[PDB]
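Shown next, in structure tokens, is the structure this report addresses.
Here the complex is missing a single protein chain, while all its other protein chains stay put.
By letter and in written order, the chains are A, B and C; residue numbering begins at 1 in each of them.
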Amino acid sequence: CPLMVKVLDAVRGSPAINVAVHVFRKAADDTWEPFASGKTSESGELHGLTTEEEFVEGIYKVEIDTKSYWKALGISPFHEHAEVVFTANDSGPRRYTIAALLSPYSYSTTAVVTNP
Amino acid sequence: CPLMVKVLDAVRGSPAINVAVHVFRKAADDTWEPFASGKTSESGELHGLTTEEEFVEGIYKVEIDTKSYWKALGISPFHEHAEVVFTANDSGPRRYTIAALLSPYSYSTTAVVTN
Amino acid sequence: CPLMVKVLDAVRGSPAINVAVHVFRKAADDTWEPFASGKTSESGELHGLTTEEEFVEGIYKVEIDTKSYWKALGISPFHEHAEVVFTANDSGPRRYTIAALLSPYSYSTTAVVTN
Partner (left out) sequence: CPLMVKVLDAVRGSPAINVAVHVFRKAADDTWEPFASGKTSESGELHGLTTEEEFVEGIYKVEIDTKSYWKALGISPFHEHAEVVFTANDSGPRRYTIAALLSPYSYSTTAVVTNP
């Protein structure tokens, strides 16, 4: 898979399990079209969102549903979600890992981009 | 002003100056309506976006235009922008500071909510 | 004062108040000598650690006592402390702000170096 999402919990020091993730792609008419979705595993990872064929050039938005995650743990967090918006594959196909580290009032995100 | 934005540059170890910031409020039909905007100052801060009277409870989106900032520095960035989406709550503290720490392929954001 | 420390709590969305901070300077024999210390204020800031006259070029270590902070909040933390080790440089800008963002199993730290 050319797109993987990895989520960690900075309060517990653990993978963030069962986090819902929705991916969108900006359309020809400039709206956000649903592209893929899934939930993180026991390792905090979400594989198999898309294929090399389907993951064409475009502007993508990865929405990580952090509020639902925290609420299930009894925490009222600040953010509705974490959003990662980026152009993909504009210089040829790449492999993208979107990592996120979650706290109730803060998140970070970093991309690891590799070339096959 | 109940909403402040502060942006830092993790590559240069400096405030992120002249970064455009756009704030939106979610409308009843689920679209994002422009609410306020500005550019960060020499201290990386953006004050005066809104007022207590206007900043009512609701869902807000703060977009920090990071791609243009890195391009101006000659550095190839990953993200289109950094996005902070949150519900404003009256039972919460009175002042929201949205802070962001920027790198070309990473950002963090935190909320500091105080009286 | 050429050295300021600012600490934020990523769990509560607040300044980290009453956090002990110890600063050391590396001695000729490679040991760490106490240099300055204090506790963060209600704004999460620690001002007045040193003076321009005393803060000469050298290697400094700032230890932020995060474990005691989390224990006081009833939260089990990972680290003993957060540690920031750097060389102070006169050709650099005049004022160093060491900022830290704290979670129980994670921290970040950045330097904001300005005139």
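Keep this in mind: a contact is a pair of C-beta atoms (placed from the backbone, for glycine too) under 8 Å apart; a residue touches a chain by one contact, two chains touch by 3 or more.
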| item | value |
| --- | --- |
| From B:5, B:10 or B:49, residue that would touch the chain that is not displayed | B:10 |
| Contacts of chain C with the absent chain, listed as residue ranges | 59, 78-81, 83-87, 101, 103, 105-113 |
| Absent chain, residues of chain A that touch it | 8, 10, 13-15, 99, 101, 108, 110-114 |
| For chain B, the residues touching the chain missing from this view | 9-14, 75, 78, 101, 103-106, 108 |
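FYI, only the chains that are shown with their structure count from here on.
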| item | value |
| --- | --- |
| Centre-of-Cα separation between chain C and chain A, whole angstrom | 32 |
| Centroid spacing, where centroids are CA-atom means, of chain A and chain B in whole angstrom | 20 |
| Separation of chain B from chain C, taking each centre as the mean of its C-alpha atoms, in whole Å | 25 |
| Contacts with 2+ other chains: residues of chain C | 10, 13-14, 101, 108 |
